[PDB]
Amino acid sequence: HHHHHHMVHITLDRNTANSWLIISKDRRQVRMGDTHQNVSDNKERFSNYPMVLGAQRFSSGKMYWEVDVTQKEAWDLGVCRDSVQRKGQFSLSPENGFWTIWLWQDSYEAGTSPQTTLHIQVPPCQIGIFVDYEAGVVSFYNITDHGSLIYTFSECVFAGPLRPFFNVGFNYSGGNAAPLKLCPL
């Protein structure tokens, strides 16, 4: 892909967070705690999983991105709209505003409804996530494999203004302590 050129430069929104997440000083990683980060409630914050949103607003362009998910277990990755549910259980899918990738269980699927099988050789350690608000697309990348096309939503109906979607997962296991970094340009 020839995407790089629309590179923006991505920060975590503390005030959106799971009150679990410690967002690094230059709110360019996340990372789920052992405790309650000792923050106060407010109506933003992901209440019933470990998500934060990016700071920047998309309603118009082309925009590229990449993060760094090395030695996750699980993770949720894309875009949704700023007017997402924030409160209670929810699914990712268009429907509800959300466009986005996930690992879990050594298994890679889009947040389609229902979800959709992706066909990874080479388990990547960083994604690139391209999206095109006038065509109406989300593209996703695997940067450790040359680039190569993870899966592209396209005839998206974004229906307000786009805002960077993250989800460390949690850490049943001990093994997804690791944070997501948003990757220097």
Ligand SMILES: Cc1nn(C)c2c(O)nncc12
Given for the second form:
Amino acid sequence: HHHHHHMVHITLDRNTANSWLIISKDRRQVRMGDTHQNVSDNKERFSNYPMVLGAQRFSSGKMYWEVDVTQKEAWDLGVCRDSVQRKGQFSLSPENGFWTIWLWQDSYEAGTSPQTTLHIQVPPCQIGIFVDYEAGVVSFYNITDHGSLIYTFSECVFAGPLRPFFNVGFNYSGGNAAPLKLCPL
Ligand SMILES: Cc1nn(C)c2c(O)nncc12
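Mind giving me the form deposited with this ligand bound, seeing as the form solved without this ligand was just shown?
Everything in the complex follows now, all chains and molecules, and the chain you saw is the first one.
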């Protein structure tokens, strides 16, 4: 792909984080803490899952960023509407305002309803995410495999401003403590 020149500097929005997340000082890394991180509750925080949003809002144009997923067993990545549900249980789907892929139990899947199996020969250590607002496209790229395409959502109906979306996943296994990191431009 040749989307690198639409690179944007993403930072994480602390106020949206699940209360167990630890966001670095530079707001570029997030990991699961082993306990509640001693923050007050608010209506923005994802309550049920280890999720956080980027601070940036996109309503036009082409945007690209990269995320490091090295040594994680589980995570979700993509974009979502600014107005997605924060509280309670929900599925990651375009009907609910999410355009995402994930790793879970040694398989990669796109967050369609129902989910779609992905075909990845080289397990990615960094994921590239491209959004074309006007075209209604969200694409995912395997940076470890020379930028090969993972998945394209097309005919997207965003229906609002978009935010970068992250889920560090649970760490029930003791094998998923590693952070998500926003990679430098
Ligand atoms: C194990 C566990 N319980 N709760 C309430 C959690 C939370 O809010 N965020 N991450 C992990 C959690």
